Amino acid sequence: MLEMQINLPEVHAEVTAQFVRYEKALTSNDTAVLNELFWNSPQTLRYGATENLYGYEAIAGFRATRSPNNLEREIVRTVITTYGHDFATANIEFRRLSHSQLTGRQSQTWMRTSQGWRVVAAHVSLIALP
Amino acid sequence: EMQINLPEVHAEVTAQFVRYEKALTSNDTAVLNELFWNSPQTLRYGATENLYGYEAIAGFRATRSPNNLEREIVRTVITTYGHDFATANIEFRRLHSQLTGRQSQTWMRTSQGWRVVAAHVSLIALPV
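In order, the protein sequences belong to chains A and B.
Residue numbers for the first sequence, in the working numbering: 4 to 133.
Residue numbers for the second sequence, in the working numbering: 12 to 139.
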């Protein structure tokens, strides 16, 4: 039963390590790693801060041309949850070292594929902090 | 090796997603709460607030306004993984301003049925 298999420590460790790689790649604009970690499927999607992208080829195309400026941020809060052995969500709140009056949220859903853990869908947005 | 969009699973999840959307438009708070995973781990990144845990999400729904306006759906992507997991992602326009809404959910099949384990909604300005 899946609800007796929330945050199994070995699975949670695995997902957390890949999430850490993703965050480091994001801040250094390591596009190879950012693409590696997204599920290579037409179903994968990314709702970015400024665009909606459908399918791995569109997301990888977008990362190729995106500017490496104003990427740095501090993570304020993190919740990674795993379900059984093969599925997880990763959610963070962040603040960009630049833009002062907004707080950022990033959400991912991760799946264990035959090539390792991959992001199947993601969503990033910034909202006004009261 | 998770099987994608198995037909029974994909139909089931789609039917619960439709229940959720109809409850949003009618402000049927009981159904909106029923469909969220009853766990401290559940979270909801709303258009204007971040809520952590079922009790906070349910409290927020119960006390908010009958405001949630109708949407025109631009695109819907519902994907299932094996028998017990899914994602539901929609792009929408509120029938209001010129913003483009995005709503993302992840669903799990619990012992009480399909539930939302995490969700995120945001509105952005896209060029026309």
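Where hints are given, some of them may not hold.
Which stretches of chain B does chain A cover? Using the computed rule of at least three CB atoms under 8 angstroms from a CB of chain A, they are [unchecked claim]:
1) 27–41
2) 48–57
3) 85–98
Which chain A residues face chain B? A few, computed with CB under 7 angstroms, are given here [as the list claims (entries may be wrong)]:
4) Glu-6
5) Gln-8
6) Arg-24
7) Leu-48
8) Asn-55
9) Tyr-59
10) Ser-101
11) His-102
12) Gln-104
13) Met-114
14) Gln-118
15) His-126
These are calculated hints, taken from the structure and not from any lab test.
Ideal Cβ positions, reconstructed from N, Cα and C, are used throughout, including at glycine.
Out of the numbered hints, which ones does the structure contradict?
1, 5, 6, 9, 10, 11, 12 and 14
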